[PDB]
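S.K.: Chain by chain, the residues run as shown.
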Amino acid sequence: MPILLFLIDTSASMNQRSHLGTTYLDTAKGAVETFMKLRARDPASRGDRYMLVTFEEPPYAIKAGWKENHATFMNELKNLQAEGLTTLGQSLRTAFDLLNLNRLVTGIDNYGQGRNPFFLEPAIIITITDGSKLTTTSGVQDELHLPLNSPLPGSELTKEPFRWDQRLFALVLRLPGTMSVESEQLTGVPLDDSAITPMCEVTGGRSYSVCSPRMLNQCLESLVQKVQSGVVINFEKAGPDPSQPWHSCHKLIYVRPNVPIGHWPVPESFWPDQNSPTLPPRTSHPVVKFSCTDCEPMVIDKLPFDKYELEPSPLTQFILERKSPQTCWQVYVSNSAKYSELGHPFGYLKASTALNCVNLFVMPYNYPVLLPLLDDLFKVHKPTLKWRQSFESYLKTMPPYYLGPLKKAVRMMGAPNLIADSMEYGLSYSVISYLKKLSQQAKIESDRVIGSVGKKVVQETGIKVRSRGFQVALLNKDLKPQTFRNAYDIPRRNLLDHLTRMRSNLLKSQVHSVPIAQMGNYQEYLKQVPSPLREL
Amino acid sequence: XXXXXXXXXXXXXXXXXXXXXXXXXXXXXXXXXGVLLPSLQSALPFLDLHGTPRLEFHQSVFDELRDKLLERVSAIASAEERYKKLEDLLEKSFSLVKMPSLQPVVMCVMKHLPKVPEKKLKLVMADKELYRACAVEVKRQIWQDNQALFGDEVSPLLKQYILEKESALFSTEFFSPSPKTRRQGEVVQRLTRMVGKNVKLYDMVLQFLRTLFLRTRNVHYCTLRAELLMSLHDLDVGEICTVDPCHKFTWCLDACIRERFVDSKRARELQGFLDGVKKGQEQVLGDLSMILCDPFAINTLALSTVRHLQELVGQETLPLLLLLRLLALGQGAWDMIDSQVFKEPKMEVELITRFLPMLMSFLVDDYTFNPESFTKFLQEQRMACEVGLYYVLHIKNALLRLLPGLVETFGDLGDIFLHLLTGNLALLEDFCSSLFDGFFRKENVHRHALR
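Line order of the protein sequences matches chains f and V.
Residues 1 to 242, 258 to 273, 278 to 400, 403 to 489, 526 to 566, 578 to 604 (the entry's author numbering) are what the first sequence spells out, left to right.
Residues 4 to 36, 38 to 82, 86 to 180, 187 to 332, 338 to 388, 408 to 432, 438 to 455, 458 to 471, 478 to 490, 496 to 506 (the entry's author numbering) are what the second sequence spells out, left to right.
Just so you know, the hints here were simulated from the structure itself, not pulled from any lab data.
The beta-carbon is built from N, C-alpha and C at its ideal position, and this holds for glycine as well.
Mixed in with the good hints there might be a few duds.
[Claimed, not checked] Pairs of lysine-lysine, DSS-like flavour, derived with a Cα cap of 25 Å:
#, chain 1, residue 1, chain 2, residue 2
1, f, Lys403, V, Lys146
2, V, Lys135, f, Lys398
3, V, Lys497, f, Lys417
4, f, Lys357, V, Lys497
5, f, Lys407, V, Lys129
6, V, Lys413, V, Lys361
7, f, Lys417, V, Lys172
8, V, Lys91, f, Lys407
9, V, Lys166, V, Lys129
10, V, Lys146, V, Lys129
11, V, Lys261, V, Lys91
[To be verified] To list a few chain f residues with every Cβ distance to chain V over 10 Å, as calculated:
#, residue
12, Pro122
13, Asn217
14, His282
15, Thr405
16, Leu406
17, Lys407
18, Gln410
19, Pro426
20, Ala430
21, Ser561
22, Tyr590
[Claimed, not checked] Facing chain f, from chain V, some residues (calculated, C-beta under 8 Å):
#, residue
23, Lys166
24, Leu170
25, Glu173
26, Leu176
Use the sequences and the hints to build the structure in full.
M.R.: Next comes the structure, spelled out in C-alpha cells:
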C-alpha cells in the first residue's frame, strides 16, 4: 500500500494572498483535500497511508507519520500555521528520514544481496511550496542543499537521502495577486525553475508550476495519475546509437503485485568479496546501461523470470518508434563482474508484441551463457561432467547473491539437488554483524521517532525581559481559565456576575464550547441517548 | 498405457459405452470391473454413505500389495525353484511393459540369474527406448550384449581424462598425493556401474579403455585400470581379481609402492613376478600398459629411484635395488606407442652411472659445504632418468651449485610442469626458482600462481 507524504511549506512566505483572496497555505491545504478526493475516486486506494511533514523544527516537523489515523492527519492539516522559515533542505531530510527509518529494521533495502524490485515500499513526497528563497536564519541560500549532520544509522550505504521507491514531486504555487488573462493555460504544465526542481528530477519526479486554480486542478489530476507502485531505474546508453534525450532517463518501472512476487535481483554495482569489511555505497537508482545493438529474447519453459513494464518515457518512445518487438536491447549494470568493468547482461528491454509498452525482463546474471546451457540439460538429460565443468565456469562468474535465487529457481524448475543447492557463503561476517547492529539501532530510532510525533512536543514562550532571567507571561492558547476554582481568573469587569454565578453553583439553587466538529455529532449523541420504542 | 488383457478389457468397455443409450450397460461394466469372493459388494455401502472414493481404495490396495510384499518377492528371489519362480514372474510381468512396472521390473531384476535372451532383446530395446530403472542387470545385459556399455565406459573414460586435465591445470601446493583408499572418486561410481561378478564384460571394458588410452589417448589413461583394480580388490571382487593371474599381484605391488614408496620386499616381489611372467602378448603387454599408464605409480617409482640413488650414494656402491628401479622404469616408460611383443630395451649402464655420479658429487658438495656437462648429457639423453634427477634436485653451497644445473636442465627439456610445481612447493633460492620458471598454458598459469 502506498505512502502519500505531504511536505507542506509552513514558511511565512506562504501567507501570500492570491486573486482568490486566500493565502498560499490555504491553497496548499485545499490542494491536499482535493488530491485526497481524487485519490479516493480510485477504488484501489482502500489502503493508503497519508503523512504530513512541515518546515518547523524536527521536534515539531513530523505532524503525522506512521501509526497516525486519518482523523489526526486531517486535524493537523487544518491547523497548520505558516510562521516559519523556508528550511527546505532540513525538511526534505526529515521527510526522507521518516520514509527510510524502517528500512533497516525490516530489511527492504536488501543490502549486499542484490537490488530486488519486488522489495519496495512505494512512497511519493508531494511538497507544496512557493518560489520564495530558502532561508536558514543567516541569509538566503539560492541553492538546495540537504544537510548531512546527524545521519541515521546506515545512511552511508546508499549515499543519497532518497531511495529506490521514492519520488519527490513539487507543487510550486505561483498564483499572482491579480488574475492574469490567459488562453494558453490549457496546455501542458511547465516545469518550475526553483531549487526544488533538480532535486525532484533526480528522484524520478518533477516540479509543477501552477499559476491558476484550473492549472492547480490539472496538476493535482496529473499527481493522482502518478501514484504508482514501482522503483526508479536510471537507464544509460552504453554503446553508440543503433546528445539525444533518450540517452539518460530516471524512468519508473512498474511492480505489479498479485504482495509482489519476483525471483531475480538487479545486480549490485560491485563484486562482493569477504575481504572488504565495509559494504560499498550504492546509488539509490541503479545505473543500468542498455546495449543499443539488437539481440534476441531468450526464454525457456517453466522459467522463473520477472517482467517489469516501464512507464512512458522518451526511452520507451524511442524503442517503440523503432518498431521491432521480435528483438531486444540487452541491459547490464557496470562494474558488476569480477573482472570486466562493463559487466554481463542481466536482462533485456523488449517491446511488447502489441507495440504498446516496453517491458524490462530481468534474468539470471549471465543469461546468454546459462539459458542455452540449462536449456540444453533440461532438453537432453542426470547432469554430465562435460556440462558440469561448463556450469562451474558459469558459477565462477556469477555474483554470490544470485546463488539463492538460482537455487530456488532450479528447485521449482524440477532439479532440486543441483550444484546450486550446495552451500551459500554470501557476504563477510563483518558485514552481517554490521547489518544486524544497524537493524537493532534502526529499531531504536524507529520506536524513538514514532513515539515523538504526537503528545511529545509542547511549546511555551516568554518575553525574556532584558537587563538593559525575568520573563513576562503570554496569553496562552491552552489557558483553560478555572474561574470557578481559581478566583484570580475572574476579570474585574464581570466580577459580580461571576460571583453570583459561583454562589448559585455552590448552593443548592466553558460548557457549549464544543470544538465544532463534535457539536453536530449525529451518531454519537443518539448512541449515548436511550433508544425509543418501535412502531406498530 | 498398459495394454494386455486389462488394456483389451478397457478398449472393450470403451467400445461398449460408446453412446447408443444402455444405462444398465454402464452399471454392468462397473459391476464386472470387486476382485474375488464378492464381499466387496457387501463392503461397498459402508463406503458409499460418505462421498464414495473408489480410486482411493484401488490405489490403496495396489500400493499395499506392491510395497508390503516386494520384500517377499526379494526373499523368494534370494535356488532352482526360486529362479524358476522369478522366471515365471518375469514372463507374467513382460506384458506390462507399458504398464507401470517398478515392482514388475524389480521382480525380474531380483531373479535375474537366468538371462532369457529371447525376451531379453525386447527388454533391452524397451529399456533403451524408455530409460528403465534396471541398473545392475541392465548394465550387465548391455555389457554382455553389445558396445552400448562400451560407449558408456568410453564416456566415463573421457570424463576421467577431462578431470585429470583440469586437475593438472588447477595447480596447488606433491603431484596430488593420495593412495587407492582416499582416491575413491570418479571410478567408484564407474566400478558400481560394472557388472560386479562379470569377468568377461569387465575384462572387455578394461581392454577397450586400455586400447583407447594407449593408441589414441594420453598417459592420463591406464591409471583408471589400476584404480578400478584397487577398488575391486577393496570391494571383494574375487572373480575379477582371480581372472587376471598376475594382475592382482602387480596391483598389490602398485598399492604397496603408493603406500610407502620405499620397500625392498616389494621390489623383490615385483622382480619375482616379472621373472616368471608369461609371453609379451598376454599378461606382458597389459602389465607394461599398467606400468606406463600409472601417473601416481610413475611418481612413486621416481621417488623410490631417488631414495635408491641416495642410499647408493651413502653406501658408495654404484655399479640390485638400483638395477630393479632401472628395470621398472624401462618397463613403465612406454608400451602403447607401438603394438608388439613384450620387450624391455633399457638399462643404459654407462649413462646411468654417469648420471648417478653427478648426483653423488652434488650430495658430497652439499655435505662438505654444510654440473653443466651432466645437465647437457641429461638433456641430450634418456629423460626417464632426467625426471628423477629433476625431482631429486627440486626437493647450502651444494644447493647453490645445483641451481645452475637445474637452470641448465630447465632450458634443455609435458610432465615437467608437475615436477616444477613439486620443486616450487618443496622449496635466496626463491629468486633462482623464479628465474628458472621465467626462462621458459598450464606452466605459465602455475608460474603466475606461484608468484
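S.K.: Taking the hints in turn, state whether each one holds.
M.R.: Here is what the structure says about each hint:
1. f/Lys403 x V/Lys146: holds (17 Å)
2. V/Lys135 x f/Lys398: holds (17 Å)
3. V/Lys497 x f/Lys417: Roughly 19 Å between the alpha carbons, so the hint for V/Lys497 and f/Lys417 holds.
4. f/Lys357 x V/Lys497: Given that 25 Å is the threshold and the Cα spacing comes to 22 Å, the pair holds.
5. f/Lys407 x V/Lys129: violated (31 Å)
6. V/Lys413 x V/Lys361: violated (28 Å)
7. f/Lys417 x V/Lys172: holds (18 Å)
8. V/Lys91 x f/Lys407: violated (44 Å)
9. V/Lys166 x V/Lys129: violated (30 Å)
10. V/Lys146 x V/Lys129: holds (15 Å)
11. V/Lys261 x V/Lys91: Violated - the C-alpha atoms of V/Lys91 and V/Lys261 are around 36 Å apart, more than 25 Å.
12. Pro122: f/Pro122 clear of chain V: closest Cβ-Cβ about 47 Å, beyond 10 Å.
13. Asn217: holds (61 Å)
14. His282: Holds, since 31 Å exceeds 10 Å.
15. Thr405: Since the minimum Cβ distance to chain V is about 8 Å, f/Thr405 lies within 10 Å and the statement is violated.
16. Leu406: Check fails; 4 Å does not lie beyond 10 Å.
17. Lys407: violated (7 Å)
18. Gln410: violated (7 Å)
19. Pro426: f/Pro426 clear of chain V: closest Cβ-Cβ about 28 Å, beyond 10 Å.
20. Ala430: Since the minimum Cβ distance to chain V is about 25 Å, f/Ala430 lies beyond 10 Å and the statement holds.
21. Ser561: At roughly 80 Å from the nearest Cβ of chain V, f/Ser561 sits farther out than 10 Å, so the non-interface label holds.
22. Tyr590: holds (53 Å)
23. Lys166: Holds, because the Cβ-Cβ distance from V/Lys166 to chain f comes to roughly 4 Å (cut-off 8 Å).
24. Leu170: holds (7 Å)
25. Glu173: Since chain f brings a Cβ to about 7 Å from V/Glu173, closer than 8 Å, the hint holds.
26. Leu176: violated (11 Å)
The structure shown violates the earlier hints numbered 5, 6, 8, 9, 11, 15, 16, 17, 18, 26.
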